[PDB]
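Below sits a lone chain in structure tokens, taken as the form deposited without its partner chain.
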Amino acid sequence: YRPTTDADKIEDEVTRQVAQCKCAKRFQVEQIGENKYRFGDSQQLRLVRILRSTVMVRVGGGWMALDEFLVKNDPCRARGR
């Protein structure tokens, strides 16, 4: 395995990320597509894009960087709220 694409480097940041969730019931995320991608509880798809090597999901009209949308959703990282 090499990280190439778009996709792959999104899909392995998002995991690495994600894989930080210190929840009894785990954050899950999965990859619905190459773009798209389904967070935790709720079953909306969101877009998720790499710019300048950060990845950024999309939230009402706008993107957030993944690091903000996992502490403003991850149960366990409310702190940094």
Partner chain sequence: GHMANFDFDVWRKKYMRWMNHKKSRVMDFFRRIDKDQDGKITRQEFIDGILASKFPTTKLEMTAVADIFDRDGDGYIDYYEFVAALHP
Second form
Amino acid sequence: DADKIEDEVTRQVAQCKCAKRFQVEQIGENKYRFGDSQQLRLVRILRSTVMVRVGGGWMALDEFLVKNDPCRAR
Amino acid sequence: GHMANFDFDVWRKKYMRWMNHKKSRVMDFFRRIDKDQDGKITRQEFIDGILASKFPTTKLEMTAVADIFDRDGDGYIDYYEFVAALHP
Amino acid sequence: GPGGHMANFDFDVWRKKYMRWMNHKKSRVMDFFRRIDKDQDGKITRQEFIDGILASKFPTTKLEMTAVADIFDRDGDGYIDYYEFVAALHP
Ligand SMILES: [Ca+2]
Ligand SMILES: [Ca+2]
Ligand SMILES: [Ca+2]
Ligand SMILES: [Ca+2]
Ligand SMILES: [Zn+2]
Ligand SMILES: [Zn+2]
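Let me have the form deposited with its partner chain bound next, following on from the form deposited without its partner chain.
All chains and molecules follow, beginning with the one already shown.
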């Protein structure tokens, strides 16, 4: 199991409205690179929601994308 | 706001070995802690229960295990969550 | 399960505890890290970090240390570099 991560990710990154649609690459089962150019980030699953590793701890995937995907970054 | 991969298999194996070797059944423990007899105990009642039994463990560990037990996250550890956590 | 359950851990509590300990024990966290870092490349494995702490007689637990080491290691490279160290201890 644990493919719920790669399911949730691809399902939520599909929501991108950019011309160059937001790119995400899977390096490991729990490691992803997000964005036009970027760094390696951890991705785990807590209960139902996906969690990405950020400075102060962990961030919900939707909030992460909201902050890093420009087509949602108000 | 921090979260980590907690070694729950080790805590769990350690706990069941403790209970089994201490002549105790985990459901006597749950029912004992469940005073209102409705099949639920708060994360805190559960933690206080474990620490009260003086099983070797710490509060820092117990917030993590109580988090893992509460599989729905509604704040309460019910009977089925309890069993599922201890008996996969 | 066999590789850890994602769960809430009061890391702030732990690090504060450790900081109080080291600080009023006349010990620098830097010197600790350098002591553990034998090869002097700026990073120490999770296991070397855990062993270093448990040996230091800081009141903690191995089970706590697996989680703590997970947090210190912000990426999943299996090492704790000095930046991860200092940043974790001084947000
Ligand atoms: Ca109850
Ligand atoms: Ca529950
Ligand atoms: Ca080294
Ligand atoms: Ca690292
Ligand atoms: Zn976009
Ligand atoms: Zn498990």
